[PDB]
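Chemist: As a plain string of letters, each chain reads:
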Amino acid sequence: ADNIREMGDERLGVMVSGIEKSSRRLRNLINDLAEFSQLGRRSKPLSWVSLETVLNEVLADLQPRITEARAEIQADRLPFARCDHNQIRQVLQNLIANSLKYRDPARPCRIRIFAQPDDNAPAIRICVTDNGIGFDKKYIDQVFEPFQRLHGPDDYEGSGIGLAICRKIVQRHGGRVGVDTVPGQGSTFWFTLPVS
Amino acid sequence: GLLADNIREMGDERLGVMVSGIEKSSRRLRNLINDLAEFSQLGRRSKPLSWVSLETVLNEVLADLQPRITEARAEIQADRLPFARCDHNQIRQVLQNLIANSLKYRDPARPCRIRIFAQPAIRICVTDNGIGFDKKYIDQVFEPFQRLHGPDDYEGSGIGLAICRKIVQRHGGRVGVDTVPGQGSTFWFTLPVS
Ligand SMILES: Nc1ncnc2c1ncn2[C@@H]1O[C@H](COP(=O)(O)OP(=O)(O)OP(=O)(O)O)[C@@H](O)[C@H]1O
Ligand SMILES: Nc1ncnc2c1ncn2[C@@H]1O[C@H](COP(=O)(O)OP(=O)(O)OP(=O)(O)O)[C@@H](O)[C@H]1O
Ligand SMILES: [Mg+2]
Ligand SMILES: [Mg+2]
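As you go down the protein sequences, you meet chains A and B in turn.
Throughout the first sequence, residue numbering follows UniProt numbering, covering 549 to 668, 677 to 752 in sequence.
Throughout the second sequence, residue numbering follows UniProt numbering, covering 546 to 665, 679 to 752 in sequence.
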């Protein structure tokens, strides 16, 4: 006679739900891989487009997610740049979304999209700083690698491809990507765009 | 009190079914993912065309599948395949998909008898004493992810012949078939000489 079966039902519930969450993450990856890979197929040769209109697009899509976070986005005027507008909005997309996703629940999170002539063909470097949780400054090189997550899927579910994608789009443009982080303080990612 | 377990009896059968159904879906989905990635690596592995023995390719493809061939109690007439200027890996891939498809779609009433010949552009053929298909569906036959069969009685991924066509077309060839439902079908592909 089984007291055991009653315990099996507890364990079954765990596993069936494990397959269900483990299979949902697999669906997310399949989608993120299909959206981002089709961008390369739709690639157009670069022309000069206003980066401010592109940014205003990204603030349109995120208009639900921004209010959800009661976050304030201070948007400076972004110049023209010679780039692929569809692909560069995704770079703004993924970056503003990460600054929203990793908002810290104790302070109203504020995001800023700056523009400044960098130095390292003069390239304008666009930067997005946010007051978020940040990550450990040991991870600056690792962060841009795919599927290289810093924490388990318990606290944040993601695919690990978002920001590694940004790097390769910015690299098709002959730019670089980089980040400064202050754990607990906030993190700022930036990417450069070449001129000519 | 028995009603505690009178309940268990009726459900445990279903659970075994359902979980086993989910198990097949996980095999099928993994097969598809793998076959697509093998395909993406084949495009990467493209090497410029050279002269390869087409009979060597046949014997390799006949090597991997000889486990599946003994399973099938089928007879292979392995004719002499000449040289042709092509990619060895990709043409090995094309022989597999056709010979494997010709093994998979065999008739359970007849020992399927298979013929791999070549007849002059050089055209290579695989004739099979297997199932036929109906000429109303030839567009489906070559369409990717459109199989003519449900997954229960015949397993597969649906990309096999769409794969072959991109290979044979990268070689400047054709894909084509004559079919006789119930008797058998013979698929063929051509290669340029120059
Ligand atoms: N603003 C940020 N603050 C803190 N960590 C960040 C920030 N942006 C990115 N990260 C780190 O980047 C790691 C992976 O980034 P990435 O954006 O590529 O993936 P993701 O957010 O998990 O998922 P997805 O691909 O769906 O966007 C995250 O685990 C997080 O640690
Ligand atoms: N020798 C054959 N005899 C009859 N029908 C065939 C034969 N070879 C292929 N077909 C038909 O072609 C359809 C698609 O063939 P194809 O080989 O491309 O895919 P598949 O065998 O279903 O999958 P995969 O090769 O990805 O495992 C098959 O469903 C089958 O109906
Ligand atoms: Mg992201
Ligand atoms: Mg096949």
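Don't take each hint at face value.
With a straight-line cut-off of 27 Å between C-alpha atoms, the simulated DSSO-like cross-links for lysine-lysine are [stated by the list, open to error]:
1) A:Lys569 with B:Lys724
2) B:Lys592 with B:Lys569
3) B:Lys592 with B:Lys724
4) A:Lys592 with B:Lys724
Please keep in mind that the hints were generated in silico from the structure rather than gathered at the bench.
Chemist: All hints are to be evaluated individually against the structure, with a verdict given for each.
Modeler: Hint-by-hint comparison with the structure:
1. For the proposed pair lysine 569 of chain A and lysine 724 of chain B, the alpha carbon gap of about 37 Å is over 27 Å, so the pair is violated.
2. A hinted pair counts as satisfied when its Cα atoms are at most 27 Å apart, and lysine 592 of chain B with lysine 569 of chain B does not qualify at roughly 37 Å.
3. Annotation: proposed proximity of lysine 592 of chain B to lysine 724 of chain B holds, straight-line Cα distance about 15 Å (limit 27 Å).
4. The straight-line distance between the Cα atoms of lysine 592 of chain A and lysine 724 of chain B is roughly 25 Å, inside the 27 Å bound, and the hint therefore holds.
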